[PDB]
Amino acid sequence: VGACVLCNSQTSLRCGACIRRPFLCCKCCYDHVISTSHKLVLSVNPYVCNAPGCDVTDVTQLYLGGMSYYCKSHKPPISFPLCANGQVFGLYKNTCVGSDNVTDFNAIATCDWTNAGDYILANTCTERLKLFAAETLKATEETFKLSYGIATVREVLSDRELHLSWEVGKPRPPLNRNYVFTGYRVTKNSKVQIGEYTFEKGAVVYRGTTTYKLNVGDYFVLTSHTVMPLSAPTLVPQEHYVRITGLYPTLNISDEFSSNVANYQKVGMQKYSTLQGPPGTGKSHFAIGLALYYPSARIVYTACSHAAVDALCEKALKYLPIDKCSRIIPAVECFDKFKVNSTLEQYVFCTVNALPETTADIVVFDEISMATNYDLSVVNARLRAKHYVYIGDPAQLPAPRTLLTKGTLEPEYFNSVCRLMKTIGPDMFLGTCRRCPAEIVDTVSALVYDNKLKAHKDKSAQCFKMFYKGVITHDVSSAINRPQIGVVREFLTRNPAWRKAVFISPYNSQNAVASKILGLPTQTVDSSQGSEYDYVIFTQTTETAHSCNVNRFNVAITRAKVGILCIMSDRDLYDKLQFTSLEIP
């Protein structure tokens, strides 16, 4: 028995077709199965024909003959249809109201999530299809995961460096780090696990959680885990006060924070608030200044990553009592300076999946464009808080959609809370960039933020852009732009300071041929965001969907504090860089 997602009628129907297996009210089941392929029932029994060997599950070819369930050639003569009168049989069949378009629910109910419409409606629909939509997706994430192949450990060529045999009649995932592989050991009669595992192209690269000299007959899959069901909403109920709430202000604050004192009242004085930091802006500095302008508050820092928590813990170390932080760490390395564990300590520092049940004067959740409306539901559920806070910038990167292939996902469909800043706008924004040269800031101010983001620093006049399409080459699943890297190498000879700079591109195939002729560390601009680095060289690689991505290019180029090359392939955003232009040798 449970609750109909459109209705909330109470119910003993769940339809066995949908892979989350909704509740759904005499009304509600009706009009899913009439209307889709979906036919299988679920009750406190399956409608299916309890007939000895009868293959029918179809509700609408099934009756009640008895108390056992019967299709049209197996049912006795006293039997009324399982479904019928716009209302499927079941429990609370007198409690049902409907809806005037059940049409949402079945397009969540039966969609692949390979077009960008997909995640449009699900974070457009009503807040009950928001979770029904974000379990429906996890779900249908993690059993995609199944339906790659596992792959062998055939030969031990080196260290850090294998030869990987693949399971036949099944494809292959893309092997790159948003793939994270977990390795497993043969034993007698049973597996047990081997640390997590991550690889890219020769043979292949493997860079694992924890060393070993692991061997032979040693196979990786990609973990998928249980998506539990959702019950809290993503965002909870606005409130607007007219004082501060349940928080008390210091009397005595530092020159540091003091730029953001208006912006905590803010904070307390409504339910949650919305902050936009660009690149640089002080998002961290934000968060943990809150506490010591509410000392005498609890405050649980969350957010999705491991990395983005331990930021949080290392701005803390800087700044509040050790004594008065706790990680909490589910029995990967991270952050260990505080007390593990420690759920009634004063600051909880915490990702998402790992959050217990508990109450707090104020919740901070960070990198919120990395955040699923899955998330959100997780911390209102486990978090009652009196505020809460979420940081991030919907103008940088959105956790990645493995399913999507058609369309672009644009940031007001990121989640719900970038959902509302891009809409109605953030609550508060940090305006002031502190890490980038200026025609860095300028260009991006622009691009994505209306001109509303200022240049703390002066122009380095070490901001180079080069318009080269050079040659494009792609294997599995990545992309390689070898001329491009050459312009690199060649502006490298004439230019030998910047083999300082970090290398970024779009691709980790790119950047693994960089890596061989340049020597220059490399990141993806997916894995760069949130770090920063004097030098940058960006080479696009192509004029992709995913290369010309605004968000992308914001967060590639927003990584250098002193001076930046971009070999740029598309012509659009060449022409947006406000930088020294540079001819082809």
Given for the second form:
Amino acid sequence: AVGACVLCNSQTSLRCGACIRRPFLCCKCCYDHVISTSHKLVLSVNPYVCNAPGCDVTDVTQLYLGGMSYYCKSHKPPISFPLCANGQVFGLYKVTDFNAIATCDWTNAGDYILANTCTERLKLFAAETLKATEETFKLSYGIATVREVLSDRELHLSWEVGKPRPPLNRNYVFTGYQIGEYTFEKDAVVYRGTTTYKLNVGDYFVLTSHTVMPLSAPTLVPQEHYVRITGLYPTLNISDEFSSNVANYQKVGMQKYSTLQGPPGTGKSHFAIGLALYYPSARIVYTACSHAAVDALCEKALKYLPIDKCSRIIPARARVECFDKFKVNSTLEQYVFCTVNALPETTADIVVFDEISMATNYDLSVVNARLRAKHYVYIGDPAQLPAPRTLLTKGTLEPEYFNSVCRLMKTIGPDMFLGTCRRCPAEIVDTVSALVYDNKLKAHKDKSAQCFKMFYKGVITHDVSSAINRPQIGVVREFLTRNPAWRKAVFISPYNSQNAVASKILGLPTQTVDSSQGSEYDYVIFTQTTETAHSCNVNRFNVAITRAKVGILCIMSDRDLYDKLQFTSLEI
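Please show me the structure of the same protein in the form deposited in another entry, now that we have looked at it in the form deposited in one PDB entry.
Chain only, nothing else included.
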């Protein structure tokens, strides 16, 4: 009932009752909030409501104090002070940006821009309000009842009438009834159970709606610069493999936190694991939002770090199969690999937060709350894909607004930059270097002469809103017959429905651009499918073409991105 103001920290008994997160607001800030917004309900020990029997006056601007009680203009006694006077709301211990965060629906890009350009306390308020709004929105979709079970991976579904149907992709995870977590892909629908269960008819699936806990810690702790490496002890015997990062490792020990921008295949995992070899006594917690990113760090650690000092932290409510080679849930091992939502309450000499473009400010703050560290290292690339913003429908979210770390990397620049791409053929490196890296990314490999582009719009059909381009898949099939080395290629597109069609017609393994992030393949076949803002996003385009080690075939819809591809053009 009593606490600190989310705008100026001033102690108060006031909480805004119309805010979904009921933030503590001081007399001055509470007034400036209620007078400028539709939010008029204020809560101290008791709510600011008219104490007269049967009276429904809840608006703090229409209320007064009659001794110790509160009454409206129609019930107040002769000796009564208006609650809203002289720029203040009466209570105990006697903002334009806060108003917009407190009242927005989170469907505009300007909402996310503000949630990142505001003060540190408003970034936490915005991140809590957003996540709570995203969860209360999950209650809007319809329930799925099972109609017929055809196979162990296919079924028919009956949807709730009157309530919209959720997009059927891997992003939407349903909880079935407790029969385990389940996912769906497109009359026949493909089912994937986290737990293997004999799918019963009539059984129902509902999207998992979880409680949003409040944020305490900042997204970024206050920066500290040191004259010497602090609390870390370097080797003198450091392997030549990691010699290239020694200056950067020293920078890591001379700052409270550091940012590393690593374009595709420039050495992010190598840098992250090498930091352990450079400070061999240091306890390092390796974290990321996804299980795939945490597993990719375990893969690199398995190669260089001692297996007995590693532990993979796996939450008991296991949703996907993850890294099985380290001792599980041994929180006290020198090297702890764990997703952000599973982090324990612990300390560390270094915390490495990988795939930073995927993190939200909610995740940035959670890490600072669970982990007390001497040093924090943020590794990622603001030119890669951010976390999906399910509520955002109007406007495009620029990289400087993905989270606080990404904002710093795009404004003041990253502290460290891995400038040499060792994965991609030079055609790909030169294309993305000009596109998203200001011509600062360099190619280690030569031009492979196996990078092709085809300008082919085809025909766009739609599975609900997920797009399909059968003529683009037909062009791929003709190319495959003439280029049999490409049999081993991974098929990539911005749409899961395009991928489902390509899987049946081509038989190639499939991946969306968003699920391909962090992975690499010898050959990639990419069909743009449409000319939407989604398929034309330069960050998605960057991730798509940088998956290839040897060759890439790009069947393009957009003239702009097609012309920017420094690939050999093909006819038909």
